[PDB]
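Undergrad: Spelled out from the first residue to the last, the chains are:
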Amino acid sequence: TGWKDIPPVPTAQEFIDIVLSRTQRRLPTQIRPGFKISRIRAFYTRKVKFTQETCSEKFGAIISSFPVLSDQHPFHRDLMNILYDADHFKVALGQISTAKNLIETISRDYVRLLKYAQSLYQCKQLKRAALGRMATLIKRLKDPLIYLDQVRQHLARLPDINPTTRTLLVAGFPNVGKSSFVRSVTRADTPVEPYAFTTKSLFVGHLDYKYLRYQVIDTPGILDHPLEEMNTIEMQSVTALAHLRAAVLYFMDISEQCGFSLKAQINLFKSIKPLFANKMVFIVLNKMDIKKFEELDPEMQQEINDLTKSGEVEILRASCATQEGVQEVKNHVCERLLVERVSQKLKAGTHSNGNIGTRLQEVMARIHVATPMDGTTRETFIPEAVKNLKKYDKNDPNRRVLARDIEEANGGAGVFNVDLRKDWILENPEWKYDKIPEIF
Amino acid sequence: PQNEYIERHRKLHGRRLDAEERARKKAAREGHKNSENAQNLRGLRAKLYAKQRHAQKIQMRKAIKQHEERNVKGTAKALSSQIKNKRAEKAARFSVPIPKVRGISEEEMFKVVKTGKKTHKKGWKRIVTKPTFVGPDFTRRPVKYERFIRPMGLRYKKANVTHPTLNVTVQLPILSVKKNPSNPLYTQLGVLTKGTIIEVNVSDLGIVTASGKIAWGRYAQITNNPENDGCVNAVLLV
Amino acid sequence: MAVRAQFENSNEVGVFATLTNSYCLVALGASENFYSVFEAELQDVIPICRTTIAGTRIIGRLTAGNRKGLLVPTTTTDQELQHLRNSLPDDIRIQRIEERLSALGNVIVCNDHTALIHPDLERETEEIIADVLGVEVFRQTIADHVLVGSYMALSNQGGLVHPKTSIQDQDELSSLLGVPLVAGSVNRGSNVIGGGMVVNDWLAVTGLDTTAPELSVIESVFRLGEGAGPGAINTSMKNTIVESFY
Amino acid sequence: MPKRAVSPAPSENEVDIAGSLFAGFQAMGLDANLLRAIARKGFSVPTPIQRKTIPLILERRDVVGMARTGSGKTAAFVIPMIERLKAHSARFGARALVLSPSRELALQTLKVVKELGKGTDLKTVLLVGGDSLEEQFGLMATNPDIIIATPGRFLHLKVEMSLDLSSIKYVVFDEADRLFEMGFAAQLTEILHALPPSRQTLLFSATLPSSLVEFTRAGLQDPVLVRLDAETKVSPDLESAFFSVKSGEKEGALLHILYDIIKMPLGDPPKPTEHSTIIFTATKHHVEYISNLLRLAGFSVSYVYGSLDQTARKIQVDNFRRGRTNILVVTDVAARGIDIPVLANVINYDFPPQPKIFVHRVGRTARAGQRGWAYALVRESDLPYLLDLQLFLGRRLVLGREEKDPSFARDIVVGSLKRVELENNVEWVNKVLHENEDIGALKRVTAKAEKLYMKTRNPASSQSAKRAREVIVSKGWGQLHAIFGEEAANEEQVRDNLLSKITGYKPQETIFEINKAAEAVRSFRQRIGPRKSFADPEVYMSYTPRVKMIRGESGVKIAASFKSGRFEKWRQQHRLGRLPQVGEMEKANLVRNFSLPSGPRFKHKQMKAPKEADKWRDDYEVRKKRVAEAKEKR
Amino acid sequence: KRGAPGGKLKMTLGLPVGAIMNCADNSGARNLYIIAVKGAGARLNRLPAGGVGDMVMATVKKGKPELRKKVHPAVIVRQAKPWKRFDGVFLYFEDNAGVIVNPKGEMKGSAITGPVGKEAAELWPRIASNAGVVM
RNA sequence: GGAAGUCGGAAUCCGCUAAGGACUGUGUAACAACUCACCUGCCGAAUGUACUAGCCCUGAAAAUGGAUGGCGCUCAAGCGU
RNA sequence: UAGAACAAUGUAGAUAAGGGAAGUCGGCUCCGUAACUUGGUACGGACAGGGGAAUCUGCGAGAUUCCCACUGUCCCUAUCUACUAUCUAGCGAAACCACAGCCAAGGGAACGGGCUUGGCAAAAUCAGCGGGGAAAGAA
RNA sequence: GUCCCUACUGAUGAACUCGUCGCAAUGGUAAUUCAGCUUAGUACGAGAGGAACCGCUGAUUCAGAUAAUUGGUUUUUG
Ligand SMILES: Nc1nc2c(ncn2[C@@H]2O[C@H](COP(=O)(O)OP(=O)(O)OP(=O)(O)O)[C@@H](O)[C@H]2O)c(=O)[nH]1
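Protein chains in written order, with PDB author numbering: chain CH, 2 to 441; chain CK, 2 to 75, 98 to 261; chain CN, 1 to 246; chain Cb, 1 to 23, 91 to 337, 363 to 606, 615 to 632, 708 to 721, 793 to 880; chain LV, 5 to 139.
What the hints contain is simulated information worked out from the structure, not anything from laboratory work.
Each hint should be verified, as a subset may be incorrect.
List of simulated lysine-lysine pairs, DSSO-like, C-alpha gap at most 30 angstroms [unchecked claim]:
id, chain 1, residue 1, chain 2, residue 2
1, Cb, 313, Cb, 3
2, Cb, 535, CH, 91
3, Cb, 3, LV, 74
4, Cb, 849, Cb, 190
5, CH, 50, Cb, 543
Working from the sequences, and respecting the hints, build out all of it.
TA: See below:
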């Protein structure tokens with residue numbers, strides 16, 4: 002679902018203040034030298050132990066709240082590795098774990114010391130020693146706490162990407178028209194600014210087509226470089242392109258308005274195709290308003306056609322400024338994703354043994370329609386006022402009066418009193434509001 | 002939302018219509034609020050606040066002096104790291120299974136002796152409360168000292184030894200107790216008190232002698248009170 | 001015309017409402033949102049009555065009837081009968097019946113032509129239903145569920161039955177009823193079709209948790225929202241159903 | 001309330017073969100009557116446990132027998148018992164005693180001993196909970212020869228009569244592993260203290276927990292612990308594969324096994365089946381969750397967990413053995429309890445802590461020369477336990493596809509799974525979890541159980557952990573499983589290069605650096629940047720080797807020795823006399839007074855007079871006459 | 005979300021904690037055993053109890069062995085202890101009976117044996133659908 | 001990728017000068033823009049940094065309702081001579 | 001020793017008389033006949049039942065529904081035993097008693113009851129009584 | 001191996017001629033928590049999801065009464 006529920010991580014000083022205040026205010030703090038040595042020992046060992054389990058509980062919460070990189074989906078694992086340096090993540094988490102262990106050991110040793118103490122002064126010193134040594138440990142674990150706070154905040158703000166669902170990976174060279182399509186297709190607020198790397202992360206929007214929900218993932222932008230000398234945000238994009246079963250929509254820019262060349266765009270798409278090994282590749286000539294495809298150099302036309310003549314990589318056309326064909330490309334790609342997934346689902350349901358699966362037969366039962374053999378229909382008593390009726394619209398000025406409006410005008414929800422005799426159709430209209438005799 | 006949506010909302014709609022004025026008024030009121038806090042709030046919270054403001058003013062004065070100087074103008100970690108990496112690599116590689124089991128402790132030995140002897144003389148036991156160092160895991164003590172009990176929770180085996188000239192503190196094993204200048208009996212039993220001469224292993228430091236030789240043990244004066252501070256701190260006598 | 005509504009915050013519409021070709025019964029409670037939705041979809045074309053049955057809001061599961069008549073259980077009191085009679089025109093016969101199975105809306109499903117009843121009703125009740133409704137009454141269980149009133153919604157244009165009805169049961173039921181039947185779900189996987197929906201020849205009111213694919217199925221089966229909605233839509237655009245309810 | 005009210009019912013099954021530190092029938096030479104009885108029973112040839120044990124018991128040696136349930140341990144210790152007793156004794160005092168965990172096991176022992184001693188005059192008594200303490204009094208008055216009892220009831224009657232057990236010479240502990248798991252240790256020790264030293268001790272079990280080993284060392288005189296040989300060498304006809312699986316993909320991986328790696332037919336099947369899949373899990377909550385998930389997926393699955401009802405377990409096991417269910421999911425303890433027939437398919441869902449437990453769960457199959465398959469799902473956290481399993485089996489580890497044709501039967505081969513379908517299965521699991529709320533609640537329960545079980549599970553070894561880290565670093569962890577196919581190896585590799593070289597990226601700067617926190621992160625990076708045969712084989716001494795407390799029936803805490811006196815009040819009730827002291831002849835009048843019923847034992851025993859007849863009541867005279875009959879019967 | 009019904013009026017509670025109950029649905033259990041009551045208020049030594057239409061947590065004591073010894077939420081539909089309805093009618097049922105229900109309010113079974121309390125039918129719409137007799 | 005004084009590392013100069021830092025903060029994706037440092041005009045006379053010495057506040061408090069002896073006392077009925 | 005008021009109590013201990021509750025491992029083969037080596041083998045029959053409460057159809061093969069376990073466990077109900085008692089007429093002790101008897105702070109000697117300074121403070125009784133007027137001595 | 005004094009608190013009470021109607025120094029002090037409807041599937045949100053103020057109706061505990069009704073107790077020995 003997300004990682005917004007990870008508790009805030011305090012700094013070193015805030016952590017020490019929290020733990021040493023809880024032990025100050027949640028336990029009694031008055032013992033006297035004229036009391037028994039056993040009770041003095043009990044008081045101080047109670048203080049030390051309480052501080053220990055407080056620190057242990059906070060560290061355990063830190064260790065168990067943060068998601069484990071191992072058990073995540075590969076997309077999320079690589080995304081967090083790029084965004085957070087999983088190496089440093091694991092290092093900081095290990096420091097927290099080791100500090101927890103050492104605090105536990107310090108508490109045990111000083112509990113033994115307090116058992117074998119014989120003076121109130123000595124017990125006080127040993128208690129102050131224990132609490133002081135632990136505080137040194139937290140002060141040392143200053144910086145990992147800051148790193149964990151920052152990673153927690155970014156993780157809580159990170160978008161929810163569903164790894165295995167109908168998804169459209171919107172990708173291409175920078176300033177091609179990626180955000181401009183994503184905003185036109187979904188309700189995602191993805192800045193459409195005319196500068197270069199405007200988008201510095203992955204944006205996600207949601208769509209409805211033929212009563213099905215679709216995901217659209219806008220990627221930042223990829224340059225023409227080998228995948229080894231490659232910048233962090235645009236490796237976030239390549240990870241999105243590499244670990245998502247999806248339809249990749251690669252935007253092509255016929256004009257040189259993007260800031261790059263056609264040949265460079267072709268080279269980049271050829272370089273990224275190995276990751277688009279089997280994902281459904283649709284290249285759409287964005288910005289077909291300025292320079293249409295017909296007004297283009299014949300050898301470049303033939304290169305685009307050669308690019309068509311490979312697998313099931315196909316090219317469409319749309320202008321994300323003249324609201325011209327973004328609708329059409331949307332329906333085309335969504336329908337083909339639908340047909341591919343239904344084909345895969347029916348193949349999966351039909352096993353080699355030939356036995357139809359339970360889910361497949363349930364779908365067949367839900368999709369079959371039953372009709373009477375006689376082929377005779379039944380009469381419908383629909384009144385003519387239905388066909389001569391007018392749709393109610395809440396924005397209309399001269400609507401019907403309506404019960405919500407009358408109750409809001411004549412009171413509220415527990416204030417309006419409804420007259421149940423207003424709809425009483427009688428012989429004489431004045432006979433309503435008449436009290437019925439019941440017993441004689 | 003999915004990204005830096007607070008800055009997004011700030012860039013699209015801005016701040017509250019009096020955020021800047023509110024902040025300026027709060028900043029201006031900070032001085033009066035600080036004096037009010039320093040003169041009114043009371044009980045461990047004053048103590049904390051005072052100790053803080055002391056640190057802050059010392060920091061501010063140091064920063065001002067450093068800035069004035071620079072505007073007018075126009098190792099122990101290394102040695103400790105070497106020692107710790109040497110130990111770490113030795114432990115990581117050169118570790119092979121070998122028998123090592125500790126003998127049962129003096130407390131249950133005493134309990135067994137009590138099971139063997141019905142009549143308990145009053146105060147026949149006296150546990151040694153000061154921290155001790157023993158060495159061998161199991162040893163049968165002579166009849167003379169067979170009645171001092173040294174608890175495991177009080178037994179120590181390592182000490183933080185400070186070398187002054189090669190200014191560095193290293194955790195080193197304790198070899199033997201040479202003299203405790205408070206009680207000969209404490210010296211014999213291994214009682215570890217303040218100002219106490221102990222023999223400490225100085226293998227990891229790498230001290231070169233007049234004959235060019237490498238030191239493996241030296242005298243160290245324990246200079247703290249291990250009975251109050253749950254640790255042993257000594258200074259090498261070199 | 002398919003719409004979504006809740007009584008107070010509950011998705012079960014058929015429990016609190018009963019819709020037919022000539023009248024609408026609405027449970028009386030707190031606000032007027034439910035009544036307002038029903039009237040905005042039926043702008044005085046047929047009478048709509050704020051009624052309580054046996055002092056309850058489950059009038060939908062306690063009342064059974066069609067365009068030609070209405071039946072109430074013996075527990076319903078004379079003032080409630082007077083309210084119903086005064087709100088409903090004379091072209092609708094109202095009668096109170098002494099059935100052992102008081103949940104008439106749970107034991108009887110009736111369109112203007114046929115009725116399917118719980119197999120344990122009495123003989124007197126069977127032909128009194130045949131008299132008041134003027135329909136053919138058959139005893140049958142759907143999906144081995146004996147509460148046809150809660151497990152099936154029926155109209156003169158179609159019928160929605162339990163999602164786990166067999167093909168043999170479904171085509172047998174289609175043969176007897178005379179209208180097409182499709183096994184579908186209402187309110188995101190709920191099996192109580194009758195308890196989660198009221199539907200007539202030109203209106204359906206389901207809960208707010210009813211998903212878009214099953215709402216489209218409902219419209220197609222009951223031939224609603226003009227368009228086409230024969231059920232041939234369900235057969236043709238099967239991709240949505242196989243993807244959503246796989 | 002009662003979710004984890006006490007503890008996970010299947011706790012653990014600890015085994016200690018270091019307890020090895022203890023040290091035809093006519094050809095065996097039994098009596099003619101016993102021979103005819105065995106021939107009637109149909110035991111034509113003794114089972115291996117019988118062949119190894121009964122001669123020793125006849126040689127009068129205390130023995131501990133490691134044998135599976137259904138191996139015939141019951142007859143194994145009953146036949147020597149009957150051979151030793153061979154007659155009813157006129158002297159008062161029994162000499163045969165067996166302690167069994169549950170009433171069902173006790174009744175099974177009763178049936179066995181009756182069928183094996185048809186004709187011989189031995190008197191055998193059952194002493195289990197739920198029966199009348201007065202009836203047990205009467206049976207002890209009948210003076211049996213063989214006692215078959217549950218220990219708690221045994222102590223109850225022991226305290227109540229202050230019985231003399233000095234005549235007992237033959238003592239048997241049946242399923243002492245279950246006895247100690249259910250918690251009978253202290254009262255068993257008190258029984259042992261009561262028993263005379265001059266006795267022959269038999270102890271039959273499937274496992275040897277350390278507590279049981281200590282108990283045997285305390286109470287047995289030179290135990291010749293026994294065992295078989297299928298309890299050591301994993302049948303070479305067992306072929307094993309190990310699958311690196313993720314926590315969120317665990318259930319999806321289990322179904323890919325069932326679907327694409329096993330070809331498991333769906334629906335009710337048309363003596364086990366050809367497929368015969370058992371699934372070994374960690375706790376009963378995983379048992380229920382996996383059972384319901386499989387059933388929704390369409391799989392003919394029977395579930396057996398620890399604290400399941402007797403009738404339910406019987407029905408499920410009977411279905412599995414008759415082949416009506418083809419999948420059977422058990423934890424460890426339910427598996428040990430149930431007699432499992434020959435299996436072809438074993439799936440280890442949660443990895444076992446002990447390699448010996450793994451050996452048992454995989455010796456569950458591949459028997460009598462018939463080939464067996466063992467698929468085990470392993471996670472990164474269980475990888476150290478996998479390496480401990482490697483050390484125990486002495487086999488070589490093949491990670492991914494380091495070898496072109498690894499022999500899965502003799503090599504421990506670990507690999508991943510078809511990413512394509514693995515994902516189409518994990519999506520299905522996510523969908524069903526989002527749809528069915530009961531499955532979601534079960535999944536949350538098993539998540540909590542996973543946390544608790546990980547917390548309470550025994551630790552691994554340091555070298556195993558270190559080399560587990562090394563394997564995780566190594567490439568062999570992440571590629572497909574050799575099974576799939578070399579062509580797959582081709583296509584996976586077609587892109588695996590770029591995919592792996594993306595996964596292995598070291599960021600230059602974090603997004604936070606892309615303030616004081618930024619300076620702290622930069623300092624953190626600056627601080628934690630990366631750090632810059709010859710021996711004689713003949714004689715080389717190597718390193719590796721070559793008021794006491796007891797719980798009562800009510801459950802309320804009760805003192806060990808609490809003579810309520812109700813036995814003396816029983817005596818007063820039925821005006822009896824002094825009991826026959828040990829040695830004195832059985833007293834036939836008392837035997838006739840309290841001997842036994844006429845066979846079948848009903849439970850429904852209330853004779854209550856009907857209420858007084860009322861004149862206004864319809865059946866006035868009839869009620870009057872039945873009331874009169876009732877007062878006549880009195 | 006805690007299964008405490010809203011809008012429930014005062015009525016006499018006659019089924020305390022640890023109470024044996026008949027089972028009214030076709031789920032495979034014959035009796036239930038109330039151990040806890042949702043929405044109860046812990047007083048000094050006061051035993052919680054529930055009336056018709058109140059959710060409790062029950063453990064099955066007899067029935068289908070597969071479901072035996074399992075714990076489920078339940079809502080009670082019939083109460084032998086007399087109580088008064090706001091029309092001034094004091095009434096009681098022949099036994100104590102409830103139905104197994106998930107925390108949202110959906111029944112595991114498909115039918116209810118015998119009548120159903122009016123309060124339960126009003127509070128839980130699913131029971132009104134699965135009910136044949138309402139009194 | 002972009003980094004123009006202000007995400008970072010190191011140096012940190014000259015001219016015009018009245019004076020202006022290869023910049024003290026705000027701000028942009030980068031600019032831009034504002035602001036500080038410093039300087040000028042108006043105003044007009046004493047300021048302002050660090051210490052010291054008195055009195056006062058804080059510098060820690062539990063658990064029946066109470067104590068400069070009490071009432072009460074403020075250019076005292078408190079403090080110093 | 002006798003009258004008035006209401007008079008059937010409570011506690012404790014024993015007692016198999018019953019109930020509520022807690023725990024569970026609780027609910028759900030034999031006789032006769034036929035061949036074979038004295039014992040088994042096949043065939044035929046019976047078993048793996050009652051008591052109580054009820055419902056529905058016309059006493060009815062009448063049909064249908066519900067309850068029967070133990071525990072060295074607790075509590076409750078039942079029986080027995082003992083002590084249990086306001087006023088009035090008459091008769092009628094004893095223990096104990098320096099004098100007293102309201103509180104809070106202070107009264108260096110873990111000391112207050114009489115002293116300081118403060119709260120206060122109004123006859124004579126009856127009933128209930130749960131606080132005080134009793135305690136150490138120290139290695 | 002050591003039935004009295006006073007406190008609490010009702011209930012009485014002589015002196016002011018009895019009685020009726022009142023004032024109020026002083027003392028004590030009381031209410032608590034949760035839920036449901038509307039707001040509203042609204043604000044907010046890519047999605048998943050998801051409030052609050054006004055208004056209205058209940059329930060827990062505590063406290064003070066009460067016996068129409070509905071259960072229970074019988075020396076009413078009816
Ligand atoms: N005329 C025209 N302008 C377009 C079209 N698509 C995008 N643009 C312009 O492109 C500029 C921004 O493009 P974005 O959509 O932000 O580009 P991007 O590919 O998402 O890359 P980023 O800049 O990193 O977000 C604006 O000036 C848009 O008007 C198009 O089809 N036609």
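Undergrad: Taking only the CA atoms, is the gap from residue 313 of chain Cb to residue 3 of chain Cb under or equal to 30 angstroms?
TA: 27 angstroms, holds
Undergrad: Going straight from one Cα to the other, do residue 3 of chain Cb and residue 74 of chain LV come out at no more than 30 angstroms?
TA: 10 angstroms, holds
Undergrad: Is the Cα-Cα distance between residue 535 of chain Cb and residue 91 of chain CH 30 angstroms or less?
TA: 28 angstroms, holds
Undergrad: For the pair we were handed, residue 50 of chain CH and residue 543 of chain Cb, check the Cα-Cα distance against 30 angstroms.
TA: 24 angstroms, holds
Undergrad: Decide if the proposed pair is consistent with the structure: residue 849 of chain Cb and residue 190 of chain Cb, CA atoms, cutoff 30 angstroms inclusive.
TA: 23 angstroms, holds
Consistency with the previously given hints is maintained throughout, with no hint failing.
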